[PDB]
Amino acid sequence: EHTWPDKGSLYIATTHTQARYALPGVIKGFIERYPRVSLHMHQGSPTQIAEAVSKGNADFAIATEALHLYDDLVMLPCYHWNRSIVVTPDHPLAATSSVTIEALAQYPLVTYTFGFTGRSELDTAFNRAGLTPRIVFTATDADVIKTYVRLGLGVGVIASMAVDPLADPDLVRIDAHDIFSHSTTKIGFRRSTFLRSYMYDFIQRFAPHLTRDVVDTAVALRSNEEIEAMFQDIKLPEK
């Protein structure tokens, strides 16, 4: 009863964290209301997906602050998010509560790899705090990180949206905000790309503050920096 007969394709290049935890709800709502739209998805590395949309092989790029050094795309902030410390219930971090970064760095870390899912805020957090942390596992997703935390390899640091009491009941969650800076998931696309009505609809469903007026104004500025400054007066969503 409520479908748009709009025809066209939508190529989305993104990461695991986004495609697994942030995107599923938005996509189900899209494929329902847009039957004649051929929705494509292509998961890969931040360097690849930023290249992909720049190569033209993709329409949109959904990643967290990672398509910067890249340019030629217009970047729009979607939401903020932060990390959480995951440990076995029998861990000293479950006992001591609930501080600091200096205490965390006394343990082997299981986290995201370099240049993927806001790890740049992790390694530089210890760096400025004059600490050299022992990282015994660099992964690309929390699914394996949590899996190896159970083994007792080391302490896990993942996206907070990537942990769930129902999904992961045997793992103790410890919020790691005020330890690492928040990471911003941004949406990017070539300035040449003609924005169909279903594209605006998708952006708006994934980022409520990014309406047609806001999106068009953001493109008109011709500077990703000025786009960020446009939302200095509004609290972006936080996942």
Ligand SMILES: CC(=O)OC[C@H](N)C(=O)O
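Take the two forms, find the largest set of C-alpha atoms that superpose within 1.5 Å, and that set is the rigid core. Numbering follows the first chain given and starts at 1. Compared with the form solved in complex with ligand OAS:
- Superposing the rigid core between these two forms leaves a single residue from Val37, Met199, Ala66, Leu171 with a C-alpha shift of at least 2 Å: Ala66.
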The other form holds:
Number of protein chains: 2
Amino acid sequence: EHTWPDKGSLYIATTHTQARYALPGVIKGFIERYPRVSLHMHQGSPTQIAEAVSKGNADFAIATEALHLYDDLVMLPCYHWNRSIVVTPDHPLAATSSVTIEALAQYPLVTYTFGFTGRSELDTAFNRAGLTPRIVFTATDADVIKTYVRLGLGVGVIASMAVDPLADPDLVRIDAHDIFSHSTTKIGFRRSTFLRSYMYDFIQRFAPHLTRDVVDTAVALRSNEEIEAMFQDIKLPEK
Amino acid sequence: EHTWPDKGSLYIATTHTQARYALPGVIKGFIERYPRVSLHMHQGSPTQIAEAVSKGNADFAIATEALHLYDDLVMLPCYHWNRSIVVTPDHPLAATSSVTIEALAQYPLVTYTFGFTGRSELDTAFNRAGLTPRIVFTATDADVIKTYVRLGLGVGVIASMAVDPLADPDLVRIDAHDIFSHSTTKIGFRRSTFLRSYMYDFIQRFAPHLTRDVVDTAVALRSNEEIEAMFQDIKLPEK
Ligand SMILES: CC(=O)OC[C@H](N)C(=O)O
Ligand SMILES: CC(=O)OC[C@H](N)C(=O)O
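Right, the form solved without ligand OAS is done; let's see the coordinates for the form solved in complex with ligand OAS.
Okay, now the whole complex, with that chain kicking things off.
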């Protein structure tokens, strides 16, 4: 009843951050439309995620590993995203008129770890202002991080999508898009993967600008550089 | 005011599961008692966690990696824990009089990945009953897993401590201690680490049976085997 009868396997290798905040909608949508597609899902670190799809278990990889050893696979820009700073309401940073990277910094921090969902600005955006802050905590998911900010171990820096005013009503969102450059989530797959219609539909459902035609031409280029050139004048979804 | 003035560094390498469910209480307790101890915390995979403490960044490692390449460090049994099966209330397994590993199995599963917080039974406890089930999903944390069970991608198997009737009131806990053997969380540190009083206190706060004296004698032995022998007749906390 309003479903495609397409039969086939779809194996995704993705990160926590992706699996938790960016993927659920799509997946629920997808699996409802394709009851004959065996959707398998495997979470993990950028290198294994690179490894899995590369040679050669999973069909797609979904991650902010704009990082390398990715050349084998066709990488496609999906969206940008940045970070919010979260604190307990009783924090000095709460009652502050737009904080700076130096105004941060004076504090002990609970961030992500490198490399795993873009802390690849943190430190490398800190040494930039010649700064080195106390990182009392590095983790891989925001929910752990959030709960340790509730403890008061330090100030947290997480993806803006990882704050949910509903889910997180004991924290203060402070947007830091000014403070840190955005991160790009891409989607990979090796050239030799035959692209199935459900796959295009999935790509499309996850990144609206990635239509069959866009996709095809992006893979017609011999480079991920060339691809990112293709979109350098396309405004991505900003998440 | 009722705090120890002890000054020093305490760096912990632990897993998601540990950081999220087993560690928060202790840490909050600890840091309140030792405002001069620089508590640093770093989450990650068993191998890096082994690596971090080993050679030789972090003081303690806290994990269910009873797995090896651990010989360098003194490993101490902390507690046992097992798994619950979680499903949507509308699931066939909900209305079931104590399910078997075969009664499971007939289903698509959302579990942990190997190696990362004990799925090292799953498959190796499945091939045992000669079984091979559909694993539509492997992740590293229960919250991701739970949410995909809410989607209906499959049946979830997570740590019993990762279900929280308060936090998770849309799921069905089904205890599987019968079904799968328990896992042991241990705590490591290399022999050469001078043991500080706050460290003993911390060890103690996390594993009540690990008193100064127990600890000392456990390290007086030349083996983790010998240590586990020491406790083979001690009933551990069961979590
Ligand atoms: C990042 C987020 O909140 O969801 C975006 C999702 N990729 C979509 O476009 O459906
Ligand atoms: C596993 C859990 O829920 O907490 C146990 C904790 N290690 C303690 O003994 O304080």
